[PDB]
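Have a look at this one before I ask anything.
All protein chains but one are shown in place.
In this document, chain identifiers A, B and C correspond to the written order of the chains, with residue numbering beginning at 1 in each.
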Amino acid sequence: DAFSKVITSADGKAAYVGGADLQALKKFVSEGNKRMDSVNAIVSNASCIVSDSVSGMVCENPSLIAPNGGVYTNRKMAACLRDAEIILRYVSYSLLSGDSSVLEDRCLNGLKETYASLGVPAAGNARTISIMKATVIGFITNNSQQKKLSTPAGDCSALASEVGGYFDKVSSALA
Amino acid sequence: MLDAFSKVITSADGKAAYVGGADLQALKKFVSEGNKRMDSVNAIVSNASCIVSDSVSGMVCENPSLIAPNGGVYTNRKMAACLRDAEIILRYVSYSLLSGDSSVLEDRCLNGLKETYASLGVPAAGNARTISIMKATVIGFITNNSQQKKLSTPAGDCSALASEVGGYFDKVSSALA
Amino acid sequence: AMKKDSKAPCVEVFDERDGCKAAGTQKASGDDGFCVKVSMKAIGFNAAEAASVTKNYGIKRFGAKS
Partner (left out) sequence: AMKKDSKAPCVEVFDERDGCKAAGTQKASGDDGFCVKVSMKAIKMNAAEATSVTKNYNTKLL
């Protein structure tokens, strides 16, 4: 409940879990150690993941940056990069905790409608999420070409599938 | 005030200075090519992490003994201290470019540094290469020779500022050789 | 419900088994080198990154697929 209460607290002030508490938390979800490396992969690379994904959305559809475009002007581009990071972080928290209940409750519930009212395009979102998904899976499966994780060698395919499922939850909600 | 930036160097209050409007217009006029100069400083600071990482990485890849036992950056503790130093130096260079002179760089960063490195066994050849790559990288951004990321500036010629920042890196190299 | 306040969980993972400690960073009980920190913060706009994406979106980096 240590982390859970951070989500619902008024100030969202930091909680720290170490020692026996952390040991117990790790025992409650599958593959606790690989799971922590996987969460670390996401958060340690958050800026590049978000930047490459939004960049790919635009290079696939450069009209998004033309006048009337979804990310025309720095103000809109910045709001997009922010949302990408927000979603990525709710996904990182889902992988940490072993379930998507907070992602669905505090990130996805109402998001499609909010985007509808703003004219935030579903096709662009779909591409951004698909790239974020591929990037994260890339790191976890040793398929990233520029930077590899500093972990013992082994197989993290199960966690890659799990996190893929969390991204798919986002994609489904926004479709 | 024209000492807005320089007062921060000697202050003990731990407070940032913010300079805008007329005060900033005066500080930009005080040095050459004020606007291009701000873009150049911005290029350094906005990319500081990647500049430091690529430079230290190139030092190691050209001389991998640096990361073997007894090596200059063997263990994460030593590697971290090195990346920290590269950043400190890069930042004093960024301030030299902002202020238009190397006096603070020489006084607060370089004065006594070679002695410290000698006592610690921080290898001069490795340091020389990290500095030369940082120099090359910064000049690359400023001169539109960066292939992975270009600056978002009006098009033009920044060769004078590239030469000036190059001189600042050379002060570092000469002090540490 | 999504609260439109830009707040998201910020997770940090620490592995200090190498025994390197920084002063003043001990925030929980434990000596096995592991810690996880979570806070809930508003995610801020980053003008620099936005400006860079606008300029550089057409460049494939990181050995990525098209």
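As a working rule, a residue touches a chain if its C-beta (ideal position, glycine included) is under 8 Å from a C-beta of that chain, and two chains touch if they have at least 3 such contacts.
For the chain missing from the display, the contacting residue among A:23, A:44, A:47 or A:141 is A:44, taking the whole complex into account.
The chain that is not drawn here is touched, among residues B:36, B:108, B:150 or B:171, by B:108.
Taking the whole complex into account, chain C touches the unshown chain at residues 16, 20, 22, 44-45, 47, 61-63. Of the residues in chain A, those that touch the hidden partner chain are 44, 73-75, 78, 145-150. Residue-level contact of chain B with the missing chain is found at 4-5, 8-9, 11, 14-25, 27, 38, 41-42, 45-46, 49, 52-54, 56-58, 60-61, 64, 67, 73, 76, 79-81, 83-84, 87-88, 91-92, 94-95, 98, 104, 107-113, 116, 148.
Definition applied: only the chains that are shown with their structure count from here on.
When the interfaces A-C and B-C are ranked by how many C-beta pairs touch across them, A-C comes first. In terms of their C-alpha centroids, the spacing between chain A and chain C amounts to 11 Å.
The geometric centre of chain B is 25 Å away from that of chain C, both derived from CA atoms.
Residue positions of chain C touching 2 or more other chains: 51-52, 54, 56, 59, 61.
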